[PDB]
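Okay, here's what each chain looks like letter by letter:
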Amino acid sequence: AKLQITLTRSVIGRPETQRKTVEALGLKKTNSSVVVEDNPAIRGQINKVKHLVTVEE
Amino acid sequence: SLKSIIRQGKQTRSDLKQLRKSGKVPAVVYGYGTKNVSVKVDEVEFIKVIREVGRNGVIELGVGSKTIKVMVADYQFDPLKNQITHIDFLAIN
Amino acid sequence: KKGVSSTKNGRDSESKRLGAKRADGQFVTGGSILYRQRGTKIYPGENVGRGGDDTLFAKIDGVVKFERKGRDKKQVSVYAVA
Amino acid sequence: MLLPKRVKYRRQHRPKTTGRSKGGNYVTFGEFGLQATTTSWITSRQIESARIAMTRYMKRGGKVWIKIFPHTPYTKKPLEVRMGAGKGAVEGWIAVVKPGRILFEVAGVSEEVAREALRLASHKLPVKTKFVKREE
RNA sequence: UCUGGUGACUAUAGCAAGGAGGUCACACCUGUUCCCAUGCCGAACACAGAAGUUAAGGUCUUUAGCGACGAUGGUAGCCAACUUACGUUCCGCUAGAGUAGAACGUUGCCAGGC
RNA sequence: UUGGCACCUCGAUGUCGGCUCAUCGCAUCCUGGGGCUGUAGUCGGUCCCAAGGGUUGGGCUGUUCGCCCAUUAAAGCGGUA
RNA sequence: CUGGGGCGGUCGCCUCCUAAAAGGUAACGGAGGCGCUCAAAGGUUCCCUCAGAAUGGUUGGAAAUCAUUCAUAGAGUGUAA
RNA sequence: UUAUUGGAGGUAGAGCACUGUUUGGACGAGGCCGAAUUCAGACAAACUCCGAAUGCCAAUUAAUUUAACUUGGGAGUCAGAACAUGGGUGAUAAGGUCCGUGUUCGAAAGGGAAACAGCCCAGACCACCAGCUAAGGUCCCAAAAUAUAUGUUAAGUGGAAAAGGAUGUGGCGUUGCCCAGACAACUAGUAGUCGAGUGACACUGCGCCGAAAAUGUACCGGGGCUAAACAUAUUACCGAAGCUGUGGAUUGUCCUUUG
Ligand SMILES: [Mg+2]
Ligand SMILES: [Mg+2]
Ligand SMILES: [Mg+2]
Ligand SMILES: [Mg+2]
Ligand SMILES: [Mg+2]
Ligand SMILES: [Mg+2]
Ligand SMILES: [Mg+2]
Ligand SMILES: [Mg+2]
Ligand SMILES: [Mg+2]
Ligand SMILES: [Mg+2]
Ligand SMILES: [Mg+2]
Ligand SMILES: [Mg+2]
Ligand SMILES: [Mg+2]
Ligand SMILES: [Mg+2]
Ligand SMILES: [Mg+2]
Ligand SMILES: [Mg+2]
Ligand SMILES: [Mg+2]
Ligand SMILES: [Mg+2]
Ligand SMILES: [Mg+2]
Numbered sequence: 002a003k004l005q006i007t008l009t010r011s012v013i014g015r016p017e018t019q020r021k022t023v024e025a026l027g028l029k030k031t032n033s034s035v036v037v038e039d040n041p042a043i044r045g046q047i048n049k050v051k052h053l054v055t056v057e058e
Numbered sequence: 003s004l005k006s007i008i009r010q011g012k013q014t015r016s017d018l019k020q021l022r023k024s025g026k027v028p029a030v031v032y033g034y035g036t037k038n039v040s041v042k043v044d045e046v047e048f049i050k051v052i053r054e055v056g057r058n059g060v061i062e063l064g065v066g067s068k069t070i071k072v073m074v075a076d077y078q079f080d081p082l083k084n085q086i087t088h089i090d091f092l093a094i095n
Numbered sequence: 012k013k014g015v016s017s018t019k020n021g022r023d024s025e026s027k028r029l030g031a032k033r034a035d036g037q038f039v040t041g042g043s044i045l046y047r048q049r050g051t052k053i054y055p056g057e058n059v060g061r062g063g064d065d066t067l068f069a070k071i072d073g074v075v076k077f078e079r080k081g082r083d084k085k086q087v088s089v090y091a092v093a
Numbered sequence: 001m002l003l004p005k006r007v008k009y010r011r012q013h014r015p016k017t018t019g020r021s022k023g024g025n026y027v028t029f030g031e032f033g034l035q036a037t038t039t040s041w042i043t044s045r046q047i048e049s050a051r052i053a054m055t056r057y058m059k060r061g062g063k064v065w066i067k068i069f070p071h072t073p074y075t076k077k078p079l080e081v082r083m084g085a086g087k088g089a090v091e092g093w094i095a096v097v098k099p100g101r102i103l104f105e106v107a108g109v110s111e112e113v114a115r116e117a118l119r120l121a122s123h124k125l126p127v128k129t130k131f132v133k134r135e136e
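Residue numbers (the deposited numbering), protein chains in the order written: chain LD, 2 to 58; chain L8, 3 to 95; chain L9, 12 to 93; chain LP, 1 to 136.
Note that these hints are calculated values from the structure, not bench results.
Incorrect hints may have been included.
Stated by the list, open to error - Label-pair distances were calculated between CB atoms; the ranges are:
(1) 20 (chain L8) - 71 (chain LP): 36 to 46 Å
(2) 61 (chain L9) - 52 (chain LD): 47 to 57 Å
(3) 31 (chain LD) - 8 (chain LP): 51 to 61 Å
(4) 84 (chain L8) - 15 (chain LP): 23 to 33 Å
(5) 35 (chain LD) - 52 (chain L9): 47 to 57 Å
(6) 36 (chain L8) - 112 (chain LP): 44 to 54 Å
(7) 15 (chain LP) - 19 (chain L8): 55 to 65 Å
(8) 24 (chain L8) - 85 (chain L9): 44 to 54 Å
Even for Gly, the Cβ is constructed at its ideal location relative to N, Cα and C.
Given the sequences, and given the hints that come with them, work out the whole structure.
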């Protein structure tokens, strides 16, 4: 019931909505991390800002 | 007379075409005395439905049990590869 | 370097702003404009009165709902209750 | 020289030349058909120049139709003018073929004859073609 | 339950055909002195009436032939990703239109009398 | 070649023909080698491989281009601001 | 204004399309109008339903009146859509 | 921004019921070729009985983060450009012009694309002779595999062009000819004698020709490659001013036991 997110690819050169989602998870620059409780509000966002993030557990 | 299929496990993805490279063809069944079960018959024996009656007729298939007395309802014949995909079945009851 | 033909028309009108001006669900006030058209694409319902062939506007307070009551016609009502 | 009699407005756009064919890709009339497989235009003068070459090899024997009647106009602005004062007048007509739709249907012929005659008119067209016979 | 009056339900309810009756209730007719009136005519509107008639209207029971609604599977398009200058492929979500399986000859509120 | 677009140059990038001098492609004009001819021979048509070398003197107009005279084995087509 | 300029044509309002299923959105892109009219073609209360297609009937436009039947809007709305 | 529900509108697609355009069959409508309708098919920016993906306004909705708005001083811009896609104009011509919508440059240095504002990764506070990794690569110039396994091509294709032409070469499928003995070859004018394959199609990967331009090879960047090329998978390693390790910088928040 936990997920930790990791931003692997960078954020420049991606259109204006996906660059605006990736701070709402709390990531701020590359190779950062944030630990978030599992929630179907969360796991809809990482569907949109997939192909960037590396998740686990 | 000569047909067989597996009950095609549902919610298949859009990788359904890389098994159409092998000579399969998806199909569903209808009918009075049935419920709508997607089947996966291989078209290698569909040079052997012309070889029984032609188009209008009856041939059973046996997806486990209950080999339905069926009839070929419709094609989806897409040319440029000269093949058939998504034929359909219909019981007579 | 040859004299090219004359165009004929150009000449557009200006614009008018049409369409919905409030939306399904929110809270409106008794003078506001719901929808407006050059015809009748949305009939009025209860507590909504027409204008001069335009501007379906709410009579009194409440929230708005869109609704159909025929096979093609559509209407707008406002219920003050909450 | 097949033309439309009446046309609503004489200066129109150009069709979206992508995608598959709409329909009409099953032969209905003849026994033998000729369909296309690449995506060009035909300009209302091929379609008669593929009709006169077709007729004479069969010596006007069996039935032959066409299936592609050109509807759309297309305009070419006159000889070497600068850009922009309005569209030019029409000069021909056109009907866009998608890949995989039938051009010609022939009947009243054996197989070994008509398969020659479709080839001799396939070189009069600016498209790639492929023989076909009544999907059954 | 059934007949009538007024409601809601996207024609699944309607037209198209066919058979059944009575008027305790609608009609059909009997007329125009009056109420009223046809740019004319009491066919219609209204009024005065009840000997006839179920043929018609409306009611009821069958027929899926006319329209209408309509699923599962597909294919085209397509937001996101990848590759590439090809009238492109490939992968991951949503998902029709036509066409077939068919459902369908209405449903239910409240009144007054059986 | 005739154009289309306006990207560099207006605190100047001199513009047509001709003389002087060349240099480079080959889609070859002569010469060298072949196939094929509805090629008797001598001539001739057409096509392939080939740049090594040759490619004229005058009248006319500013001319380019062009026609015309007399020859020659031939009087090639082009790029190089 | 201007695919450099004069030349030709344009200069404000109204309606579509282009315009990419909210609104918006250009070009010397494609099509049309207006610079008013109506004392009733405005307000109200009642009542009626169409152009056509047949079928016959003094006059016959093919069609100017009359009836009958099948007509869901295929007519009409002073003016362009 | 995201899930949930409810909504507005008619594009891509589809379709012919609507105004319009169409080629075929029978259908009537004079005294030897034509005049309404009906069946089977098609077309559309100004044709829609239908009709999605996405975006767009609102939930007094719940999760995560950091904005938003009102007023008052100070401006600068109103010459944009290339890519990726939906379009008009142009000739489905341009490094063209004109709109939508994104990115980057402008105003951004580094690494790759041989060099190269606009493409591909990624955002530089400064130091160090420290480690992992992205895009592209791994015989030499030049850091890293002459890695592993299956195949393919024999042209320098890789390392710039189509219509067409063709017993090139592979894995694929169907079918008719068959020790009764063909298809190669002999001798007859009825056709005999020779002992292992032959034709048609059907779909595909990789090739060849078609292929001519101007100082000098002349689009591999060069050397050079028959694997150092293409396809298919699996493994490490190099690879930036990215991220970490570490030293001190200036400002802000929070502890504030002033670290
Ligand atoms: Mg009477
Ligand atoms: Mg030039
Ligand atoms: Mg410009
Ligand atoms: Mg200056
Ligand atoms: Mg100077
Ligand atoms: Mg000077
Ligand atoms: Mg040569
Ligand atoms: Mg020379
Ligand atoms: Mg002299
Ligand atoms: Mg000008
Ligand atoms: Mg819009
Ligand atoms: Mg379309
Ligand atoms: Mg379009
Ligand atoms: Mg362009
Ligand atoms: Mg732009
Ligand atoms: Mg920036
Ligand atoms: Mg470099
Ligand atoms: Mg070096
Ligand atoms: Mg530090």
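These are the hints, each one checked on the structure:
1. 20 (chain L8) - 71 (chain LP): 36 to 46 Å: holds (40 Å)
2. 61 (chain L9) - 52 (chain LD): 47 to 57 Å: holds (52 Å)
3. 31 (chain LD) - 8 (chain LP): 51 to 61 Å: holds (59 Å)
4. 84 (chain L8) - 15 (chain LP): 23 to 33 Å: holds (28 Å)
5. 35 (chain LD) - 52 (chain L9): 47 to 57 Å: holds (49 Å)
6. 36 (chain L8) - 112 (chain LP): 44 to 54 Å: For residue 36 (chain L8) and residue 112 (chain LP) the Cβ distance comes to about 47 Å; the hint holds.
7. 15 (chain LP) - 19 (chain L8): 55 to 65 Å: violated (29 Å)
8. 24 (chain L8) - 85 (chain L9): 44 to 54 Å: At 51 Å between Cβs, range holds.
The earlier numbered hint that this structure contradicts is number 7, and it is the only one.
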